[PDB]
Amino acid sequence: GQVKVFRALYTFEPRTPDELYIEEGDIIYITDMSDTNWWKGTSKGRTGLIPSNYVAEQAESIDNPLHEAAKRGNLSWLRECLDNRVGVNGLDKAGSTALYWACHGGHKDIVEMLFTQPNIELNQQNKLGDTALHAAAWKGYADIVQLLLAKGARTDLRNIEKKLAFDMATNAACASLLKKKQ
């Protein structure tokens, strides 16, 4: 089963010892949804049981928690998402990955962190045909471009306007990193 993420809107006090305690605003990671009434989840490092009904009514489904953490420069939450086995290669409504957003925003920590994850897809293209590397070049982040290249990002992929990551760069250091040696 795939992990689903929520935010607690209200507080839940456990009635048994196997039940999970959750405060308003806390983030909940649901790992097992097989039972009708009782879900298994993690919240603030602890693992317990939580009624599907509390989740449906007093909590809030977050569709792309990893993407969201990346966009906002939230290293901690991203780290928490990854520790709770949220998929690194999940695509948002625009076809972008968490890596795409972290590069798009120039967050070196978040980028380097996603790099330590198994199976991280560097070359995913979104609906507009952009890779993470297109975005880092466009936005002029030379260090992110370097890091993408070092990790082996593809430089041959073309977006919907037929433009390479190179054709996106206007910053001189990015342009230089992405042109072919002679």
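In this text, rigid core is short for the largest set of C-alphas that superpose within 1.5 Å between two forms. Numbering follows the first chain given and starts at 1. What changes on going to the form deposited in another entry:
Lining up the core between the two forms shows that one residue from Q117, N123, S52, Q146 moves its Cα 2 Å or more, and that residue is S52. After superposition on the rigid core, the Cα of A173 moves by less than 2 Å between the two forms.
Core-superposed comparison between the two forms: the CA of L164 stays below a 2 Å shift. With the core held fixed, the Cα of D35 is displaced between the two forms by 2 Å or more.
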Given for the second form:
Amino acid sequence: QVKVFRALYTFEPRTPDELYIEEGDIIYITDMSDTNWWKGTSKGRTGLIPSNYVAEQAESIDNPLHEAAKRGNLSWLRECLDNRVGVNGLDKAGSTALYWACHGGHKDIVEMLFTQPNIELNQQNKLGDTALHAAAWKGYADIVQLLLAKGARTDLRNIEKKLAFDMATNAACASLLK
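Can you swap the form deposited in one PDB entry for the form deposited in another entry?
Since only the chain itself is given, any partners or molecules it might have are not part of what comes next.
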């Protein structure tokens, strides 16, 4: 199970065996059992990283796919997927990355997520909202359209007893859902 970090400060390597990590770079580590050196991947390169650097000069990222999706960062989303972050992972509120992509109107992300094996469309979060609820609320009819074509259910109600249809903020979304 991959563990994901953001560099807080630049790491400049002392051996060719070490990665040159810059501030803000994302680090993927799978094996953290060894004492002093861990194997990680950053910027498409794999190498050894001092465990001390990761502890002192990086911050862990609990939901990297969700963050990428939420801010519409397609390059980072693809990187997450490449490093085996699960497409259907749930954050603490029971939301998927797809939910956040739709909440932000990030069609680029939705399309990329739809390339993934067995994408779950119908996850209801803590509040009972699906990605389709968020898309309807967001008001981009073309993203509603994409979700519908991919198989999104329209018969699921949130804690407020609302269907995705009930969330629609414009007639374009309303028409697609009616």
